[PDB]
Amino acid sequence: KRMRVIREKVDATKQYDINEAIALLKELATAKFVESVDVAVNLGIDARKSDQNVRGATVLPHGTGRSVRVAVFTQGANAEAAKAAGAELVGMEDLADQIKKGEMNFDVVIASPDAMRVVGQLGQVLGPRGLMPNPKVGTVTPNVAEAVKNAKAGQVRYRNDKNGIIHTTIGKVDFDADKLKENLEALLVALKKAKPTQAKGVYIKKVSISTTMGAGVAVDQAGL
Amino acid sequence: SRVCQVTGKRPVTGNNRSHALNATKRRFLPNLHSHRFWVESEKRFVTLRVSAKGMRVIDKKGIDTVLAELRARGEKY
Amino acid sequence: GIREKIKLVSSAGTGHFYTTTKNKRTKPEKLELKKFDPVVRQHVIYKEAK
Amino acid sequence: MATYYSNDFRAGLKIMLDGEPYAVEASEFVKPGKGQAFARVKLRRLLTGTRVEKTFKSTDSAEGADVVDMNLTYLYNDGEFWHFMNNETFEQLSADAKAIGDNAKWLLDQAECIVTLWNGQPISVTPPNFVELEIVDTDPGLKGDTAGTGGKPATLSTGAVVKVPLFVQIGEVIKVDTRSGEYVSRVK
RNA sequence: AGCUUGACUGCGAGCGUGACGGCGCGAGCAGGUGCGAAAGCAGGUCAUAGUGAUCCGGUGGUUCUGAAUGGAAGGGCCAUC
RNA sequence: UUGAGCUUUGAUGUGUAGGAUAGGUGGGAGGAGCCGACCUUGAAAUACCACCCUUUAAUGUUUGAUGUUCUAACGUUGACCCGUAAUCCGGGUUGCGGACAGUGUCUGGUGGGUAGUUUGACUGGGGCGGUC
Numbered sequence: 044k045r046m047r048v049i050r051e052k053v054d055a056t057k058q059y060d061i062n063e064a065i066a067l068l069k070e071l072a073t074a075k076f077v078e079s080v081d082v083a084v085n086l087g088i089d090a091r092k093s094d095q096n097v098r099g100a101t102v103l104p105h106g107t108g109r110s111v112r113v114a115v116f117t118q119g120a121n122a123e124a125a126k127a128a129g130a131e132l133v134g135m136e137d138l139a140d141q142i143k144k145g146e147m148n149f150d151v152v153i154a155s156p157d158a159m160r161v162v163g164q165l166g167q168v169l170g171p172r173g174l175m176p177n178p179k180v181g182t183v184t185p186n187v188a189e190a191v192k193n194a195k196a197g198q199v200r201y202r203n204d205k206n207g208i209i210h211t212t213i214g215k216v217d218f219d220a221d222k223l224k225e226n227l228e229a230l231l232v233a234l235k236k237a238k239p240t241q242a243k244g245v246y247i248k249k250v251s252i253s254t255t256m257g258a259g260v261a262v263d264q265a266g267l
Numbered sequence: 006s007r008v009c010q011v012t013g014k015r016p017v018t019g020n021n022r023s024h025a026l027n028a029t030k031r032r033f034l035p036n037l038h039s040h041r042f043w044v045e046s047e048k049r050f051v052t053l054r055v056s057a058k059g060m061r062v063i064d065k066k067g068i069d070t071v072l073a074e075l076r077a078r079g080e081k082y
Numbered sequence: 823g824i825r826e827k828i829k830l831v832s833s834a835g836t837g838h839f840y841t842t843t844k845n846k847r848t849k850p851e852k853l854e855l856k857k858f859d860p861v862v863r864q865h866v867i868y869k870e871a872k
Numbered sequence: 016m017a018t019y020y021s022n023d024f025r026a027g028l029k030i031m032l033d034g035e036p037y038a039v040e041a042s043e044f045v046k047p048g049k050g051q052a053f054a055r056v057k058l059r060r061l062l063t064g065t066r067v068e069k070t071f072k073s074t075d076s077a078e079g080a081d082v083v084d085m086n087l088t089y090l091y092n093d094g095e096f097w098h099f100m101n102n103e104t105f106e107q108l109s110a111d112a113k114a115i116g117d118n119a120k121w122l123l124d125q126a127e128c129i130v131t132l133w134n135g136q137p138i139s140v141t142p143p144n145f146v147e148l149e150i151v152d153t154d155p156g157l158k159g160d161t162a163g164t165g166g167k168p169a170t171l172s173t174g175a176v177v178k179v180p181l182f183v184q185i186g187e188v189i190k191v192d193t194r195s196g197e198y199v200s201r202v203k
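Residue numbers (this note's numbering), protein chains in the order written: chain A, 44 to 267; chain B, 6 to 82; chain C, 823 to 872; chain D, 16 to 203.
Keep in mind that the hints are not guaranteed to be accurate.
To be verified - Quick list of in silico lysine-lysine cross-link-like pairs, BS3-like style, CA-CA up to 27 Å:
hint	chain 1	residue 1	chain 2	residue 2
1	A	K243	C	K856
2	D	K203	A	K143
3	C	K869	A	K179
4	C	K852	A	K57
5	C	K827	A	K238
6	A	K75	C	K844
7	A	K215	A	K92
8	A	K57	A	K248
9	C	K869	C	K849
10	A	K92	A	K44
11	A	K236	C	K869
12	D	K72	D	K49
13	D	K158	D	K113
14	C	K846	A	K92
15	A	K75	A	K249
16	C	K829	A	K44
17	A	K52	A	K236
18	C	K856	C	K844
19	A	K238	C	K829
20	C	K869	C	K846
21	A	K243	C	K827
For the record, the hints were derived by calculation from the structure and aren't laboratory data.
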């Protein structure tokens, strides 16, 4: 088979370190085409408590550039100034017809506090099991719409909630600088511990494992 | 009174300190228990008013050894 | 009441810090002001923290 | 941290004690000769919330927090938990089944409902005065004998039940009230 | 409106006002910036209200001390809650 | 008899609707076989596998929860015998209880039954109202 040698070099008793198993992820996977990395990091959150939700925009400190097509909901001069930041479809309620069709070309929605009457009155159900974000909790809607997507369209990966403990994020292209990604995983620690919701349980992070796509299993540590 | 036969534990007095350091004169009573012991040398029942740690002395020493010290102090058993 | 306080941590090697007040619920981004440092005697850009 | 003695809170001022936090509806003031003054403060519960009655004297104070009540906008349902939306600051919010009890049927979509905000996030949800809803499970009502008033039961799309007259049978959107839960008119 | 962080660190002759604790103004010097071609100005906002002494306790820094010695704990100084 | 947790191996999720025999989310072009994204779909569209939610046992579990039985601790303010001309007590068989109760230490709850005290000042009397 091709699913047996994968289960050979996975030792759950030996929790791997930073420099040990992440650099050898190119040999643990026998993938055909060009793939990438994933990152799974847990945070203790009960399912029936609403004061434990951990969300926010994470500015990644490097791999992929402008890759995600993100929309703009602005009025006035910001409808022609946010186009310089890399967005394709910038406008108004003409983009609400694309919401009614259910277009999955967009993944992230960014607006500004003057077109917040558009998403809050038309994109009600389809925007958020759509899960498109528009928060003052996160930095989704500032009034700095010129300088939003100069780095957020490039390297920002959005933190979503789950019913359980899990917060899975995405790693970058396999042939990047692997010394920087191990610090990118180390600087996702300071972002997830930046909010200590102050009602956390016993641990902060129990299990943190970064898999590539479907083959590698790399058990990391929460301390280092 | 409340005195152990083996070790001689008369109840001491102390304070019942609350959270606001309020003193109240309580009295620490020992963990006494009227137990009936068996002696191989005498081959009969011996009932002494020992404490909880007094049986721990009998756990180490022999029961014939402890009553030898009772005789040299004017104790009735 | 509304306007809480922040701590401007120096991005240099020193442990010196300025402190000031910033209303978080109006402009939620960090401050990147550029003031004097009495330890390094440089003009280091300061970063926002708690 | 606030303080409110019995000569201060009179109407619509929340108090906090052990808890749950209560609300003053109406009160009187008696200042009798020989003795200390008091106030028959007719409090109102907020969480369960039926009633509580206390006769506060001139002593003592009570913590007043939180008070905040504001207009929200319902837009989302997923499993158990619900959400709302602002129009003055556009901030998200999370709701629970504890805050929705005996009210979850009437509010359907984009309603101008109000909640009570206290320390994360709601306490209860109050539905608006009029919502538009549709019947899907209703018999094709014959005239009958019928010699009077009546009037057939209708199972509603949200899981509720209302009494509708004869001329609405299948797929007729109607607006009702949420205070008592009776039929008033049909939208056209 | 352009450009920016002088809302900067160590001082400060002097006086004003208070029983005192304190408060207020401060030229100018030293280091280091900002703007203006340049003279110059800036250690907050036109001014006067937006605030409470100490004790104790918490965070960061600094061998300053550190109960025989070498360390650390706990104290000291400074920034500060 | 059993209940809950773990590093363990996998099985296990049957609607509306898409041919149906869909676990939540982030990825999303892998395994003489031939699916799949693409799409018809809905509140969410799968593949490839991840971190886990849950039904299911095999295990070393960590051990608690009780429930019978047995007697030798302990209770015996049941009888009988003796010290003893003694309804106290003590010894003796025995009967019924039985590792329950009871007591001691630690600890949470209840606690005007009880104890120590506090309950401001200016004020055209104190009070009341008002101010600091």
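We went through each hint and held it up to the structure:
1. A:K243 <-> C:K856: Given that 27 Å is the threshold and the Cα spacing comes to 36 Å, the pair is violated.
2. D:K203 <-> A:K143: Answer holds: D:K203 to A:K143 is near 24 Å, not above 27 Å.
3. C:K869 <-> A:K179: Satisfied, since the Cα-Cα distance of roughly 21 Å is no more than 27 Å.
4. C:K852 <-> A:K57: With a Cα-Cα distance of about 40 Å, the restraint between C:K852 and A:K57 is violated, given a limit of 27 Å.
5. C:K827 <-> A:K238: Holds, at about 17 Å.
6. A:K75 <-> C:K844: 52 Å, violated
7. A:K215 <-> A:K92: 33 Å, violated
8. A:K57 <-> A:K248: Cα-Cα ~18 Å, so holds.
9. C:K869 <-> C:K849: This hinted pair holds, its Cα atoms lying about 15 Å apart.
10. A:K92 <-> A:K44: 45 Å, violated
11. A:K236 <-> C:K869: It holds: about 18 Å lies between the C-alpha atoms, which stays within 27 Å.
12. D:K72 <-> D:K49: Holds, at about 14 Å.
13. D:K158 <-> D:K113: Violated: D:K158 and D:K113 sit about 43 Å apart, past 27 Å.
14. C:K846 <-> A:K92: 25 Å, holds
15. A:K75 <-> A:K249: 33 Å, violated
16. C:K829 <-> A:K44: Since the Cα atoms of C:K829 and A:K44 sit roughly 58 Å apart, the hinted pair is violated (cutoff 27 Å).
17. A:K52 <-> A:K236: Distance ~31 Å between A:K52 and A:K236 Cα, so the pair is violated.
18. C:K856 <-> C:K844: Given pair C:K856, C:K844 holds - Cα atoms ~16 Å apart, limit 27 Å.
19. A:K238 <-> C:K829: With Cα atoms ~16 Å apart, A:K238 and C:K829 stay inside 27 Å; holds.
20. C:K869 <-> C:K846: 15 Å, holds
21. A:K243 <-> C:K827: Measuring from Cα to Cα gives roughly 24 Å; hence the hint holds.
Violated hints, in rising order: 1, 4, 6, 7, 10, 13, 15, 16, 17; the structure is consistent with all others.
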